[PDB]
Amino acid sequence: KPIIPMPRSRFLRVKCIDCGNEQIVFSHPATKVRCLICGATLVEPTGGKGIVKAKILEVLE
Amino acid sequence: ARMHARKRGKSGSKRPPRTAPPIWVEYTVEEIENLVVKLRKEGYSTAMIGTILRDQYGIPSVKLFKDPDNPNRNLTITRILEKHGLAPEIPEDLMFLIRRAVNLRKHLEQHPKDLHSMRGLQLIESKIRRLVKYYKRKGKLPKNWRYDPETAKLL
Amino acid sequence: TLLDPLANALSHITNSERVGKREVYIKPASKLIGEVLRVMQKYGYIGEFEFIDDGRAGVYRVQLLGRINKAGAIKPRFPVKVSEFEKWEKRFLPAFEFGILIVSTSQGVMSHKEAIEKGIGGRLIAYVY
Amino acid sequence: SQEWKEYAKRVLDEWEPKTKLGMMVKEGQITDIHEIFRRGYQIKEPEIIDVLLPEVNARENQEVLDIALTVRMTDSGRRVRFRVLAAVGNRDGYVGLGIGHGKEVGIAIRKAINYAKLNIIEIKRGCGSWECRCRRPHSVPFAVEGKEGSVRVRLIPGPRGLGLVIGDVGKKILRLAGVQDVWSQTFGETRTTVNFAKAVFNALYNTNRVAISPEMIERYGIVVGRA
Amino acid sequence: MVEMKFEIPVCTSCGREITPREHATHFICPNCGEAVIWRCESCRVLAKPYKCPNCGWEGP
Amino acid sequence: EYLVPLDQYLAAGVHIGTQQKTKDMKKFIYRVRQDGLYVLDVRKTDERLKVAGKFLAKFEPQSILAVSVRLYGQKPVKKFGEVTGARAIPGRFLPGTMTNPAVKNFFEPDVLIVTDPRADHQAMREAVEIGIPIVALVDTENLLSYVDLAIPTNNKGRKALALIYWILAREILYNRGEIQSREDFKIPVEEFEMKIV
RNA sequence: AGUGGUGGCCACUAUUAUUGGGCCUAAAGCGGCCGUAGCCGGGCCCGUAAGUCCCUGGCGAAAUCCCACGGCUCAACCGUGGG
RNA sequence: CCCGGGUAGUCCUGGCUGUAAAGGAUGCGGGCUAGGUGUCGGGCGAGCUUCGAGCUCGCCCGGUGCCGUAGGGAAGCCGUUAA
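Protein chains in written order, with my numbering: chain A, 1 to 61; chain B, 1 to 155; chain C, 1 to 129; chain D, 1 to 227; chain E, 1 to 60; chain F, 1 to 197.
FYI, nobody ran anything at the bench for these hints, they're computed from the structure. Accuracy of the hints is not assured; some may be wrong.
Below, computed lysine to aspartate or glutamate pairings styled on DMTMM-like, alpha-carbon distance capped at 20 Å [stated by the list, open to error]:
id	chain 1	residue 1	chain 2	residue 2
1	E	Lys51	C	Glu23
2	F	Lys50	E	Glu58
3	C	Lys70	E	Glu17
Covered stretches of chain D, as calculated for chain E (at least 3 residues, CB under 8 Å) [unchecked claim]:
id	stretch
4	37-43
5	201-209
6	219-227
Where a beta carbon is used, it is the ideal one built from N, C-alpha and C, also for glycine.
With the hints as extra help, turn the sequences into a complete structure.
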């Protein structure tokens, strides 16, 4: 148990498969991550981390 | 989560000790207000608005942004709704309990013999009454305002 | 629910040093806790003490020198004038002038010995020996 | 004094050292009694201490506290047994307490005194009262608390010439400890002499547990053992 | 009357003095091999680590 | 810099621990296999046995006593004591050994070596009742209470048991100046082992 | 030149527990939950200064009580002086 | 007490009665204080996986036993789910 509580969740800078939309997403989403343009699902909110479906570009703290 | 169940489970969550907004964010303070009002005019509450902002738009917290209209107050989604005639007169948190109480009351009307649900009602109305008393202390609610089930049906 | 940071802190210190650890972290950090931590360290009971900016309420880090026998916060803030001070020394200390007490006078939190010559009353806050 | 040295030489002749601690107190590179306490060896031979502290053998330095008469019993009778509690010690901060089982009075007395010799400990003394402050180890340096069984005992420093205001058991134990004035408070059943005596013993032993900076060593004239 | 002021030993791990009948130990340093390290019974039972005064070697 | 080859260290099974752990031990842990076994850090074992080599030869050969009760530790300790001239007592540690003066074998060592803390509770209790420091071979489940020197090792395999005392005797003769070089140590590792008949 | 019996009161007693008690098995946690008054309440800044603390004016009679001196042999008792 | 019968009761609907060795014989909230040890729920990291958390090992959270360092207790015993 640390003195200070850090957040385990990260953020992900992600490039979409279809329309090549670049987005920032939460590592533990609660709803289905819909792209802005094509609207396809990107991350699936599961019990733990969301199941990313696009291609990660870079993690963010 | 111990007021009634007295169970010490901690499904809470952790925020980083961040004072300044993250560098990697691209949206300026003006765009977040536009996004939240767009979501709110659809009919989303501040909690789910925030979940969507952090989920898809990827913003950690609006509270990390400082109010352009006030140097000494952190910007909150509720404050943004208030800034444009969208904040609710009844705060969301109590409104949700009101509607839950009403629907449960219908269920009890249809099912007089479920005493477990009777006790559930007995505690959730104590929650409603406690928050009503708090708001009377704080003043966000009218002094004469008093929850009544028949009036709650209207709400 | 938490009610008083100071007594919790002093109990934390005492209990942690009964087993005899080295570095103790107190979670509910406040200004009065720091003003307290000044006093006994000025008497050499503890080693370095410092404040860590957690982000919620701050933490206090202390190194223990293994000097204190018992360190506890007297709760009910008894107001005491000067000339009757001895009547309380018999209640919290093991011998003549053994250990100290902390008083919050008009001039701030500070040791009891230094208050005798400063000639100030105030409310007892804690004690240690 | 010289008689005690004579007895010390006599026992040095007769006694042959069994336990490891025996050699360096027979060979003579140990002369201080506190050499035994500081390092923390174990004592099992009664001859180890009277060489350095022969005064234990004085009749005024040994006291018989109680003579309990317990009873085992079988189908064919109640078989008695003697349990004697007695204390020994020099009057300069070294005392021991002992309980001896036996079938006669003298046997129990001997075994009790012998075992008491092994329970020797070092007693810090001082002057911590609010009225005496004389920096002489005439009393306890500070208030102390001892526990044994139900009985709890609080010994508070007192002014010079007050005497020992405590039950006769603690009276004798402290009188053999080189302490003259102390306030006493007793919690629990004090009729059971044995637990009371052991609690007093443990309180005296606990005196050494308190952390002390040298300033109060000056302030109360704190002496670790012989003054 | 000579006041034989002995030096009561002090444990290294905690700094507490050694009472007479404590089951404490005294042993030579594990790396510099000249400094005497004391270990009091309380320090011994839970086996908290100790540090050398001379070479700064750490050892349970 | 190892006193023995590291491949041979692995072969002797010293690194192999059981599926247990203790919080006081966690520092010496290397990793946990996918089955549950807990593995030691061989480097720290090397450093610890080096320090023990510095220690043990400082004391007198006759005042050092070792005791073992494990079936696989009875011959290694005997060979160790014979090599270093240290007293050895395998098997059941007799009660009252150094705590009862009137026992025929009333020997009071200035230092004691322990194979398994779990096996010989009586030994360390009697060692405490006299008050001497302690050296112990600690596997992944042993408790570190009253351990002035803890050596991480596998004290179940006979090969490791032999190798540990082999190395320790070699370091004893190094520090006492009796034997100068490793090649001078002609006694093989097999001499300390337990011969399965 | 007192000494005994008895009755009332305090201590003995931490058997009234503020200082300072217990409530698994010895008398002693109500079957459970909710909740009003009351009580006890998170961190930081600013103000007020009611409580809180230091200084100072008026005031709580005499008598009793503590101490020095003096008077009656001394004492008790009385006065002078300080508290 | 054993056996053979047998009414109220035991069952449903509405209401009353407010009871038990309703016992963990342990009132509830917070913080602190060695550890080991299994299962239940959720999450995570690996490996197995006929790819169904389907299966094995470690970790975090919540509840749920036992053993047990110190400590407590008159002891019986309690000992982070504290007495």
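Checking against the hints above, which ones are violated?
Per hint list: zero violations.
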